[PDB]
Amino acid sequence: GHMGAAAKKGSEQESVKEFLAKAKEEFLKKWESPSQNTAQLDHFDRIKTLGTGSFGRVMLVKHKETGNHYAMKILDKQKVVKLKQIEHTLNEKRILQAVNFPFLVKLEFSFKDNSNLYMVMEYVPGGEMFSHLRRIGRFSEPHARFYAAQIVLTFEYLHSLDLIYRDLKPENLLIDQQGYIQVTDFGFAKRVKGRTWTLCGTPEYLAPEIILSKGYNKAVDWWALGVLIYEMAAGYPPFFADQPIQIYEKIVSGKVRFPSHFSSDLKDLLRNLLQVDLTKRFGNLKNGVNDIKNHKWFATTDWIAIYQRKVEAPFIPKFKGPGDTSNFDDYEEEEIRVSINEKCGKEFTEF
């Protein structure tokens, strides 16, 4: 057969099972008993906006007592208006306070006031994968593979907890001081036993079953991994158009074209991730994530060494010291204003 090696991989798969069982036990303790109101706004100096998004912004902040830096996500409760915008916000905070994995950003505090919701996380000063990718054009296949391996492991962890991530893309991936990934922006993540039905995500990364209004499952994350790997290795995503509706027609079609510099191993992996037929999509078959981990394109990947952060990264971001924001783009600043009247108190009771 292909391996002569097979005993090492099998023992390795029993160890994965052992790890995930302990991880589930730890997750459930925190999921059932969530932390709440662990800080307040005047505990932090606000320094600079690091990015914006639905409902507010993420700012670099500095804790006054300790001097530690953090990334504070600020959500304007009055912009979180639609039913699934509200539900998604509660998902994000509850999941983040319960997970623990080397490639997931750590939530350190959360709290709310009359006007806003706040989530305070570790600050990752190396910037977004997005910026680095657009600046250098594309990553070589070994470089893309190193990042992809971390997403594979992160999704194996999340899916084992019945969590779907649903917004994979370079904007959501930060590069830490060792050159490894941190996944942030859990605004679309959800705990799902079975199917879910919300039409949500980013157009370029949507699986066909989402676009087609089907009840869908964690396999949408494996589709999105295919989109991410393609975009990392090409410099642009596989379903690329100016308007969302044009993107959706390309996604559903069952067709994908590859750059001439893609290796055949890479194209084979991508054809099996970017597979419209759910009975054929890698990550969704009887062998689960192992069809991905055992694919030829990953043959050089030491999965355990990646998890243990023993592999030398392809790129280390420049860092000038604590609180350095040089790896982030600039955004317009807007003063935080807290109303004297509690807004939307009943919609965010649980936050």
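Residue numbers count along the first chain shown, from 1. Throughout, rigid core stands for the largest set of C-alpha atoms superposing within 1.5 Å between the two forms. First, how it differs from the form deposited in another entry.
Superposing the rigid core between the two forms leaves a single residue from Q85, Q97, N272, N217 with a C-alpha shift of at least 2 Å: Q85. After superposition on the rigid core, the Cα atom of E342 is displaced by 2 Å or more between the two forms.
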Given for the second form:
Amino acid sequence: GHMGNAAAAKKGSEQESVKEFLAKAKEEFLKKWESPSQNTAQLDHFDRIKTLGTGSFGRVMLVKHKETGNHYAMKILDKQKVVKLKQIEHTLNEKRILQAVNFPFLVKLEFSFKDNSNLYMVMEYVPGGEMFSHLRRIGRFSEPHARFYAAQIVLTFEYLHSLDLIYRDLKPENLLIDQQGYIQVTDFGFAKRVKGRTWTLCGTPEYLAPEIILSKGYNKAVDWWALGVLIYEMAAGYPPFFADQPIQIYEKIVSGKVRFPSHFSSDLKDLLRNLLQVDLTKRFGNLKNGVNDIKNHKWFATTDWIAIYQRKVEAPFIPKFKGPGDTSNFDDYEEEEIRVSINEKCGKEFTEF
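Rather than the form deposited in one PDB entry that you just supplied, could I have the structure of the form deposited in another entry?
No partner chains or extra molecules come along with it, only the chain itself.
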């Protein structure tokens, strides 16, 4: 067969140990999910420094904690805008997930609180910026560089799926690089606890699985499709399906055809054909052997999964970091003031926050 006795025994024992780890991680997650934390700081405990990014109902600012001098990333959400954009359940869900999970590549929530106007989530500051910026600047990542990042996503999805969480918005824009060159996942607005199937149309056009586009009930296999898209974009510099308008992107996704750059290795193409598989009865990550079909594929033959988890592998790239509070890896935005009303807004809708 492909493995001799020593390698087969080592691989078998390794997979059993992963099961044992995940069983303990699920017990710890459920305890924190059932009893979430609330109100662990207040606004005047921090100095505001710079805006790191913004959405349609809030922004993320670099702040410095007054007592400790530590820097953090503070997400500020306007309660009135959250309601008007129908994002109440998503916002409460993101905070409940963040306070319950624990994994080396998931960002850590350190404080949360609220006032009359806004909700606040204070997370560790990840100073290297988005993978997106580095990928567009460098052009594309070599296959070993792409594989280093892909291995961290495989482990992170193995963890999340063991908790029955589907992620649903993987893309380079949602992956930050930390000071040691490892990945941090920060946003969980579209994640959902799903043991069986779910039906919501959500995600980003280039990364949507065919079964979402076709309005089917779907499961955690959409995250393994999105992993195929991410690995392709990292290694090519562009995604496998693109067009002027989303409707034409969707035509390409459901077609079952994908084309590859001539510099892709045969091992990489084989992995991608099995992740970007329209037929769910054939898609890697969705079969009887689960995540092991991915972790044991030839393209990952050089990957030491435990060493990646322990952060003992030397990263191919370390972002420029001149010191604490360095923001050079982030875009520049115009600074707007944080007004706090004299009257509580939307108190009933955000009672559990």
